[PDB]
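So this first bit is one chain, no partners, the form deposited in one PDB entry, shown in structure tokens.
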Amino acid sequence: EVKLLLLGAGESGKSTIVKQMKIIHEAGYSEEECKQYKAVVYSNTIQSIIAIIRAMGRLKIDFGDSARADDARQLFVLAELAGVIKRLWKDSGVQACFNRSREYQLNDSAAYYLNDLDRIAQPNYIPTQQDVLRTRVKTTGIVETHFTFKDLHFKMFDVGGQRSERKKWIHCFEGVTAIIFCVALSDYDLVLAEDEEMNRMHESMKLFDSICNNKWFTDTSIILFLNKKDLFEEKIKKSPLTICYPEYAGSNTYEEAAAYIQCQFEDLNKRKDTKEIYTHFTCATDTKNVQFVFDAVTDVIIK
């Protein structure tokens, strides 16, 4: 028996890692399961394309084709709609505002789903597991989940990260064996939606610090997932780190940055001496990663 807790700031991957704890250590998602997500899929997909639209009407961008302005007038109506969206997804234009997502709030899967629409409009569509992992739903108040692995009983707690939620965390603080803190690597240039004026990796650091170092967690295994490496690894190829860290003097490469960052985080340990941090680089959506890692992880706890 085993209290596990997952923490992080908002949209860091937590709830996805919970999803796999389940595909991994159980059967995963069924059809009738897959199917109840159908509807999220679709939700997500709409709100994303819309937010891009919307966004253009602020950033003032211009569709590729004048033609697409009906298709847009008519997205809203509305909400054959796939047609619309497809069609828009592919305006040169809209894709410029999508490449600018960080001047706004767009979900992360926003392209995964959009880019795969033919596949999931066709009626009689059933989500896959990745389809399902890639979905978004805000976690609030806290969800417990059980499972046994390697012959422990894990009791897993899943919270929300927006700040507004952090409020209710303390009620889960007793008795904790392990924590997995998730950080979105790709956050290095985004600001917080609760607070446009905060960098998101900044806020994450703060928090980490406050957990890593919290007096309840002193005999707790602190595990840090840095995550979204997929996404990082792309970003990093065209947005620069100096944005989070204006003093980075390296080059911007997955390799070099990931590590700077690996680092800025690991140094907020105030007991580098007494207390170790066990850090992994993650893709919550990759099932094969995570499962890999979470083996690592447990065989640590075993301590």
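Residue numbers count along the first chain shown, from 1. Shifts are known only where both forms have a C-alpha. Note that the rigid core is defined as the largest set of C-alphas that superpose within 1.5 Å between two forms. What changes on going to the form deposited in another entry:
- For the set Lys150, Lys167, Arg100, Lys90, a Cα shift of at least 2 angstroms between the two forms, after rigid core superposition, holds for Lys167 and for no other residue.
- After superposition on the rigid core, the Cα of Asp195 moves by 2 Å or more between the two forms.
- Relative to the superposed core, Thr140 undergoes a Cα shift of 2 Å or more between the two forms.
- Core-superposed comparison between the two forms: residues with C-alpha shifts of 2 Å or more form runs of three or more at 137-141, 161-171, 191-198.
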Contents of the next structure:
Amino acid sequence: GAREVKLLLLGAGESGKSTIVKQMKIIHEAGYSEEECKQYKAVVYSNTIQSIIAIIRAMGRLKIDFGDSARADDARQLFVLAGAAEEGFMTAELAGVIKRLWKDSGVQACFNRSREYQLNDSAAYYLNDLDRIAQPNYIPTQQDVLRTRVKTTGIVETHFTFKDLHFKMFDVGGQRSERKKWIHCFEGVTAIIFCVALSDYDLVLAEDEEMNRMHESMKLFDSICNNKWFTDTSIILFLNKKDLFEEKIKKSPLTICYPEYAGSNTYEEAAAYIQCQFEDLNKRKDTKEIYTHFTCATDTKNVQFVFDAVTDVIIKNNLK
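Now show me the form deposited in another entry, since the one above was the form deposited in one PDB entry.
Nothing else is written out below except the one chain.
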């Protein structure tokens, strides 16, 4: 009989939970039709503008000047044009204002110091494709839709059948929940997919945090996998944004996150070191097994392959 498979996505904000949900829709559901894609044009532009604005705000805070003094008027114009722009369309005026700012060396300098503030990882994706996106005849591709960031109102869920299993994937993400709500989310969970943004390793400590983002994530993973209530639940670990981590490891040493790291700064040793940090938190290596996969949630092919392997685990873990 097609038993129910309740999947709970957990992890810090921006770790890729929403993205995994949309990949399921693209992989095991109907995905997005062109008509549905056109519907995202407005959020694509909103996200694009929010991104350039985030970088501009950081320049003021970090005190980074524009490569060209003229860009200051563009920045102000950016705010007025955006505030009057109709949702869904981008004028040649706003497009130019954004292209000039994104091009500015000062803006790029701030963009490259994103570890010092909080910039969404879709910023570069859209900002680099201003040629394609700005055109009035623009039709968001499936990948563009995947990259959109939307308003998270309450628990999100998605249904889909895979290998004669009724998957119910839940993501509480963001929406602050009460003890009751969480207990309800946990009861019935067949497997937990814990997402981690590998690229968060070089993030500057916030004013009110005792430990860096990576260690906060480790603290939570520690409570989850060692909690007796999940003894039988499959604990899947997604070390995500491996693509961003790989790009970063070149310039920002892992020693930023783990001052004790004495390995080399290759993608391989740094990633392995992080895999061990999380997996070693398991206090019952004899009993529980952690199923780790390095991912790129925005890569449908990779997610498909990985979710395929997670399913095989769910099946056999069902002592059958």
